[PDB]
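*Asks:* Make a model of the complete structure from these sequences and hints.
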Amino acid sequence: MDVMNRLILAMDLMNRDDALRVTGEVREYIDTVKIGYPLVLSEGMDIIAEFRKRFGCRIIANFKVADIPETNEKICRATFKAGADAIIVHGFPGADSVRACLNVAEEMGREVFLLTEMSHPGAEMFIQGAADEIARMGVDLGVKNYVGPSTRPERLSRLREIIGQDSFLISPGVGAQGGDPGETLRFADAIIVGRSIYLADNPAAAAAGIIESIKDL
Amino acid sequence: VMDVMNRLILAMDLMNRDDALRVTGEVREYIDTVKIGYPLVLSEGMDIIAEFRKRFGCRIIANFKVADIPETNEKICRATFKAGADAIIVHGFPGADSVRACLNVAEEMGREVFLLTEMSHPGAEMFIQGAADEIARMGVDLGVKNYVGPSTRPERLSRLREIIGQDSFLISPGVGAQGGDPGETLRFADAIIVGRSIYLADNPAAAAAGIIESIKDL
Ligand SMILES: O=c1cnn([C@@H]2O[C@H](COP(=O)(O)O)[C@@H](O)[C@H]2O)c(=O)[nH]1
Ligand SMILES: O=c1cnn([C@@H]2O[C@H](COP(=O)(O)O)[C@@H](O)[C@H]2O)c(=O)[nH]1
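Line by line, the protein sequences give chains B and A. PDB author numbering runs 8 ahead of the 1-based position in the first sequence. PDB author numbering runs 7 ahead of the 1-based position in the second sequence.
Cβ pair distances, simulated, as ranges:
| hint | chain 1 | residue 1 | chain 2 | residue 2 | range |
| --- | --- | --- | --- | --- | --- |
| 1 | A | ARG62 | B | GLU169 | 52 to 60 Å |
| 2 | A | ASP26 | B | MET12 | 36 to 44 Å |
| 3 | A | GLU169 | B | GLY32 | 48 to 56 Å |
| 4 | B | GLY32 | A | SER221 | 56 to 64 Å |
| 5 | B | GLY172 | A | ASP54 | 42 to 50 Å |
Here's a subset of chain A near chain B, in silico, CB distances under 10 Å, partners left out:
| hint | residue |
| --- | --- |
| 6 | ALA18 |
| 7 | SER50 |
| 8 | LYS72 |
| 9 | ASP75 |
| 10 | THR87 |
| 11 | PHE100 |
| 12 | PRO101 |
| 13 | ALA103 |
| 14 | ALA138 |
Read the hints as simulated data drawn from the structure, not as lab findings. Idealized CB from N, CA, C, for every residue including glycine.
*Replies:* Shown next as structure tokens:
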């Protein structure tokens, strides 16, 4: 996946007008947009097609899929039907649940991103201790795309070590949550940025600023 | 706690609006609490919650297994309650702050949070099971009153009931298609969740009626 400027916009605004306007203001800097439930549950799944129609961007559905196999399959189908290019899935629910997603992705020509360790404080309670094993599980299942925490570069580095250089790794927690753009890119292929851009007084300047800080990368 | 008719909750996971509406309408005389998840919502929109309320006089539990950071969890809960859901199911594995975010929104909006502890599928044994007792303990400490536990593992469901106490409300999926027994599950859970055994039946109403007949004494 060739992410322009190694920057993925997490569009979590909950108003169609604002979401489209802000994305439009930073369109020259990105070609990959991550849409999650905040926007989808507020405006509907048709918003994905609208983004592709207006921006011709790659779409990652950050749905944190975390159900049983049968339900995970249905969620992935509905998501790809809406035009998503990839979907983010939790690894904590186990191998069968991840495999369910991989099957649908393969059938519809899409990608599955395995979330191994989250970036918020609460991730330390249960997820962190299982993160390395979840990553190894991904490797065993043939997963090639992963999600790791910008807020813990040592953990992000460990994830990169487990999955190898060939695997693709994206990382949220940059900016608002405290992660540093440049440091995160030492290990991740692309950084995910939400609020630091979409809540900025001038989103375009915010995006341009982040890119300037990682220009040599 | 919510008064679930016949201690039976329908997991409406059909992805077609017409079929979902038909089946739910056919079993409404037996069930007054319906659980709507992403298979239907991502296929027909959040307005489907409103339509179910309009068409049927049923309570709605949004089975969204909320599992994001606090900031995003709050947004998901807000949008879901705004749509008319009476309650929402949240994962406990992402930690206390993520669960607290959901509880805060539920409190401010006058709705309820159900904490999913251990799941009923085989994969749950890999990571969730080992953290389930603590996840439940965490819920109790946070003031969570509603929980979800696995019907497929009677011993685990029993332990979870002990941890949360008799005053807490517990619902349990995995009944029927996944192997759980209605009666056995009701020894510990206040209500059972049933999806496919009802919605894939040739006569959903008869299927629901049959399940209720098997637990009549309960
Ligand atoms: O471990 C994490 C942390 N955050 N996110 C998501 O990445 C974005 C981070 O946004 P932010 O830049 O505004 O913090 C949000 O969409 C959030 O749900 C994840 O997928 N996993
Ligand atoms: O641990 C579990 C297992 N299943 N479910 C949900 O309960 C329903 C079970 O449906 P079934 O009766 O068709 O197996 C589905 O909506 C499934 O996502 C949960 O919330 N948690």
